[PDB]
Amino acid sequence: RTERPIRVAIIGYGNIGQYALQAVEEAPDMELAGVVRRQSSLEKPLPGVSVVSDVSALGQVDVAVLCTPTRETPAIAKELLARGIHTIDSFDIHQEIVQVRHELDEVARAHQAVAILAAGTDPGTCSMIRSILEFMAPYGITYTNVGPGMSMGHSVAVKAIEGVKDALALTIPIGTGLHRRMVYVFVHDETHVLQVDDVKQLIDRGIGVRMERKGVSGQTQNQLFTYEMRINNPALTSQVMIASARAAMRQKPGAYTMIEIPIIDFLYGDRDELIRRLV
Amino acid sequence: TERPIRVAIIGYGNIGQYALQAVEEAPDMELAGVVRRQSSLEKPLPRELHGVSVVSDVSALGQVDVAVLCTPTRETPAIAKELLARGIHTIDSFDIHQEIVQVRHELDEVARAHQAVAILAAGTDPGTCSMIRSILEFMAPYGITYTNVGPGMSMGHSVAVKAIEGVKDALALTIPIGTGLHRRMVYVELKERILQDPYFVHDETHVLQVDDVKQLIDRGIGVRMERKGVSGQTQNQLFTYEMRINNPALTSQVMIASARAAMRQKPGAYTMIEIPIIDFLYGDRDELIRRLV
Amino acid sequence: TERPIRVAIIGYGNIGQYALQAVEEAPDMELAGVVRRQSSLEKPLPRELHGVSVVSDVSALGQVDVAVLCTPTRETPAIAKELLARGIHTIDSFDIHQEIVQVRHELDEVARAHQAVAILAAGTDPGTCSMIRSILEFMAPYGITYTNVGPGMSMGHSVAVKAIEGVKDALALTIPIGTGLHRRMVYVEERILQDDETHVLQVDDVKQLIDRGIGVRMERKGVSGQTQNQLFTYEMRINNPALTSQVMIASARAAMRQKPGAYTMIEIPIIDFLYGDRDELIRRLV
Ligand SMILES: NC(=O)c1ccc[n+]([C@@H]2O[C@H](COP(=O)([O-])OP(=O)(O)OC[C@H]3O[C@@H](n4cnc5c(N)ncnc54)[C@H](OP(=O)(O)O)[C@@H]3O)[C@@H](O)[C@H]2O)c1
Ligand SMILES: NC(=O)c1ccc[n+]([C@@H]2O[C@H](COP(=O)([O-])OP(=O)(O)OC[C@H]3O[C@@H](n4cnc5c(N)ncnc54)[C@H](OP(=O)(O)O)[C@@H]3O)[C@@H](O)[C@H]2O)c1
Ligand SMILES: NC(=O)c1ccc[n+]([C@@H]2O[C@H](COP(=O)([O-])OP(=O)(O)OC[C@H]3O[C@@H](n4cnc5c(N)ncnc54)[C@H](OP(=O)(O)O)[C@@H]3O)[C@@H](O)[C@H]2O)c1
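Protein chains in written order, with my numbering: chain A, 1 to 279; chain B, 1001 to 1293; chain C, 2001 to 2286.
So that you can see chain A by itself, here it is in the shape it has in the complex:
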């Protein structure tokens, strides 16, 4: 009677990939097919899950959830799409998304494959809230203020300068989309530096997001919208990618961002009862 599980492979067991594993197991319409790592990591000590070096080893795989680093992700995805497998990623470079969508689109439409890209937290569901604020109040300004919380790239940036080993760099929101940078031990915003004993003692993967728009609806001024969340960032991103995996099965070949897909397509459940429950 009921439907067969969606078979998911996770590509790149890193910070996002561990959380993705939890979200796959918990998805009641999804089963883990296996984890794909570089060959160098297969040699490492293992943390019952088929951990292999290529999707071919994992049997049937409808969707591969890409948890690899940004730079390598487009190339990886184009390869997996060319094999008929759908791909999900949370590609987080805003300005290259338009180009990557087109690049992923071409491969997917040929191999009857769906690719959903930039399906994470701010490249992701924050984009969906932004887009909805946009059409409810077309005149005005939106500010996305990332509450105190790490900036992976920024600390990884500072990790590449000569000095006392290890560093933590943070973007701190100072309002109206502007941020201050605080580094614990790249020049156009105010920076503060502190030396610490153990940078590892300061690390926490939660983050705050405050997004606001003040705008006019139709012709009426002073429409106020505020969206706020305090969350574990990698858990939310992996969960958003797993919901996108469900949605990728319900699309036509091609490549989509999350504002190009019906919100109901991300939800597990019977359409009518989702409507009855949510709308």
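These aren't lab readings, by the way, just hints derived from the structure by calculation.
It is possible that some hints are incorrect.
Over 10 angstroms on every C-beta distance to chain A, these chain C residues come out as not near it, computed from the model [as the list claims (entries may be wrong)]: (1) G2013; (2) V2054; (3) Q2102.
Now the stretches of chain B that chain C is said to cover, found in silico as 3 or more residues with beta-carbon under 8 angstroms [claimed, not checked]: (4) 1172-1182; (5) 1233-1241.
Quick partial rundown of chain A residues pointing at chain B, CB under 10 angstroms, derived from the structure [unchecked claim]: (6) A137; (7) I141; (8) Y143; (9) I174; (10) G177; (11) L178; (12) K214; (13) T220; (14) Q221; (15) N222; (16) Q223; (17) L224.
Even for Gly, the Cβ is constructed at its ideal location relative to N, Cα and C.
With chain A's structure known, arrange chains B and C with the ligands on it following the hints.
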């Protein structure tokens, strides 16, 4: 109300369009007409003004109790003087704080001389914010008040940017950054530019090129006013006042309420802290004490 | 019933005036007197001190179990050691953070010689904010804590600017701007400002700006075990000397339950600061 107050709107800009709605809604007043520069009369007639006397001098309106000046700050004290000199009361929302005392003296002479009332600086931040700020002072005489105007366009500063060279269109916002201090956000439609600091220099400033600054405009604004001080000798008295409002809707509504008050004062010039609050309200005295006190 | 704890107030200034009210209200404590510089005894008696033994030396107050020091920071360690040396316990809210470990060792040596307790640094930020900071740290060992000391008069900065040039009078404020950082607001009765983000304004009367209340915002996001994104906020909006003198009076109560030595506030069972029977405090509070 028997013989309503005949109100003329002077200058049909942002504030004049909102002031027309305030006049309409007010039960004790009726619109006498709108006064515009001859240049604007030659432009086509807006739809909301169909059936409205729209003229270049207030004489053509005939019998005007109060003139609600919705004119640019610089031009308004001189416009107020002329109307006062005809025995016509004037409301304005003149917004240069540092010139209010002097402007008040200048309007006071003319108005007393001609049996007219002027109420000046009667908008939002000069205006009702003044009244609030002043009640806080006598409630807690020792301490400090901060007025933080929430993200929203200052037009005096936005038009400043439109004036500089290499500037097709610009939008410049004042943004509170606490303690009465403010940052400035400039959106320009065109290092890069000769942005430098034609003034602005004594303000932290951020510039940004956008496609269509018209797409960014909303006339709402936030105001957060805070005071910590001493009542008598007790410390740590805490006061907070906040509004999220349509700025021109408020300013013009305050001006129309001030028009009501003008009809009640002896001749002279007044700021809003020089009039009993009850003068601004429509209704019987005892009924308003009973509703409000 | 026990006899009341006899408390003496050392130094009758700002903190000293509030301490008097705290001692009076404290049901288990009794005012032995106030101790001032002899130069201050020649001045006229404050009305609140009518009927109070005001004196130049604690030896004239009879039995004195605890002395609450409301003396300026730099003078307070030497005054403490003198009183501990007689076997009287001492409370201070000494507030030079970088110096507490050192003062504590010094105060500890004398305390143990004369069967006396010193509780030092027992105020609001040196003091109960320290206790709160410390509970957060063990509750979530990985992460960062920001103490944001809301608008509120400084003391060292105020007196810093109060000197320098044509400063007839001045008031210096610390303002929080987030994540532990602060801006300085200077009201004065020229460009010189050197000695952080600072603003300077001239005013006719600096005394008209004075209010002795303060806000404090403590926030922490960190990890419990391996679980991320645990959120903690602590806030107070208070009369600073009223709270500081109350905390010292509470420490006077805790000092009577310690063994000899010097203690900061994160070194004393919270229950020792509270009036009442042990078991009853537990069932009502734990
Ligand atoms: N949109 C959002 O909100 C959002 C938020 C967070 C993250 N992201 C995306 O997620 C990524 C960061 O993930 P993360 O924090 O989990 O990173 P991570 O911990 O560094 O994990 C990356 C993993 O990819 C594999 N890998 C590393 N270098 C590789 C290479 N050169 N070629 C192929 N595979 C390689 C490794 O897994 P193996 O050992 O198994 O090979 C590694 O664990 C970024 O690319 C970002 O775009 C997006
Ligand atoms: N105190 C407060 O809280 C507060 C708040 C907001 C604004 N305001 C005051 O409101 C005033 C008007 O603001 P607004 O948004 O209504 O501005 P606006 O849209 O520019 O309106 C100004 C109007 O004045 C008329 N005008 C008369 N003489 C003029 C001249 N010499 N140059 C240009 N225009 C002239 C024009 O109408 P015609 O074409 O019909 O002649 C114009 O539309 C400001 O100057 C400000 O001081 C006060
Ligand atoms: N959170 C905290 O930990 C916190 C907060 C507030 C205060 N404090 C502490 O409180 C102290 C200041 O309290 P306050 O506001 O009451 O100060 P204050 O107003 O200056 O009073 C200090 C008093 O001590 C006496 N005194 C002054 N100079 C002296 C000297 N050189 N030698 C001996 N006695 C002297 C005087 O009393 P007589 O004239 O009667 O002799 C004077 O009124 C600081 O040292 C500070 O560390 C800490």
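Index of numbered hints that the structure contradicts, given in increasing order: none
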